[PDB]
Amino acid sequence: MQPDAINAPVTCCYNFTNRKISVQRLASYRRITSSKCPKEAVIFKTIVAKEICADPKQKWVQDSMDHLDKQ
């Protein structure tokens, strides 16, 4: 499949944020799935360039995808 992602760094989330984030401040996102991680997650990159770990299961989270996907 991959060429040789074995040397690629692996990024995982260990806890999730508890405060919802404004759509006006989210710049991007990415899904965390590597089986090397304790669990699935979403990493939101903010307008002030901060990266936050969020629960895939939360509505605010999912709706934030919708808006970034241009809804």
The other form holds:
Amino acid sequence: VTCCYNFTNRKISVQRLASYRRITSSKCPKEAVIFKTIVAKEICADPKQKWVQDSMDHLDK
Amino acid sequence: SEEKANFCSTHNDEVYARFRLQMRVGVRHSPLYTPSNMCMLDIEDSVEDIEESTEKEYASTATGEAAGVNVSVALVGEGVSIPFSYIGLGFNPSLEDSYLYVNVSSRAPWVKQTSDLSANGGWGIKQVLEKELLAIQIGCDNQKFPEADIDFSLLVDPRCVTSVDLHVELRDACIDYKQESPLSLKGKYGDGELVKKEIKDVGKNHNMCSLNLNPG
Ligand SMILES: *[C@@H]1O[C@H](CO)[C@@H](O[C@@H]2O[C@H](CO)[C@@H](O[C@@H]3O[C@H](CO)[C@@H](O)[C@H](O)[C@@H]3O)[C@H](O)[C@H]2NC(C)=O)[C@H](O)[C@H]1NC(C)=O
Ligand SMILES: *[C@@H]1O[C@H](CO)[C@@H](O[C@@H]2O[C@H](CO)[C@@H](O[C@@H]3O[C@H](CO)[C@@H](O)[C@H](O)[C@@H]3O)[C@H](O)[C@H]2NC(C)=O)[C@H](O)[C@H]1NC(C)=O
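Okay, that was the form solved without the partner chain. Show me the form deposited with the partner chain bound next.
Okay, now the whole complex, with that chain kicking things off.
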């Protein structure tokens, strides 16, 4: 339903994150991953960036 | 300003943060949107404990709903509280495609003292420069459709949002009385200067609603 128009550039520490989900819809222009922080606000992140892919790995484990 | 000048002169070695957002959202409605003057405004502060960290996580969240659109602005810091004191909306209630305007501001130090981010060798400033997050989100209510840089996330539902233009700043409250400051962040999406100008003259042709929190 929702699209990421602007990304968080810097890496947030894994501890500050909570949950994660991807976005691959045709409606949205750029590919994106949406992390949910402890304080229950969602954050847009670029998957073309190792720090995001590593954050996804940690959440899986 | 009378309160301001006295403060900035009497507090010249300190640094108080001041967040300001001016945002314009291009609005479109579902065919079943019924025009409404309704406005909903809220400001919520929360505190969460981090696992390996000694520093609490502080969030201030301003929300507004009007014209079928619901907006969320969250400013999050690690060890640093920057609370919102003001949200204002400018909106057209009709079906026609229109612009929604949003102001969001943090408490001015002279009204009620925020923390001196210059204390302990500028510890507070380092936290903001390194950790502060801004998450702006924009959705479509319960409309049914047919089936230096501030680090900011912008997340929108495109079914009701045709455009976003915003300017956002996090700066030394008293930067007008200083040649330089370690605290001066800024952010843009689209034409930020344009929205910063437009938003000061929308009361002529828009519903205006605002929420200002108790000072003191
Ligand atoms: C704009 O308003 C809409 C509608 O109020 C918000 O979306 C809705 O958010 C609610 C949370 O209050 C969601 O309900 C949740 O459902 C899931 C199950 O799918 C469950 O995990 C939760 O316990 C909760 O019951 C709802 O799904 C969601 N969407 C709709 C269409 O209603 C939206 O959050 C608001 N946008 C902004 C930026 O604030
Ligand atoms: C966002 O914040 C800005 C800055 O505080 C607000 O700008 C203010 O806009 C109002 C009207 O929109 C200006 O009103 C002035 O007074 C009378 C009202 O009858 C009007 O006839 C004058 O011509 C004049 O515009 C006010 O000067 C202006 N303030 C500043 C400091 O520029 C704006 O209202 C806020 N936007 C929202 C809530 O959407």
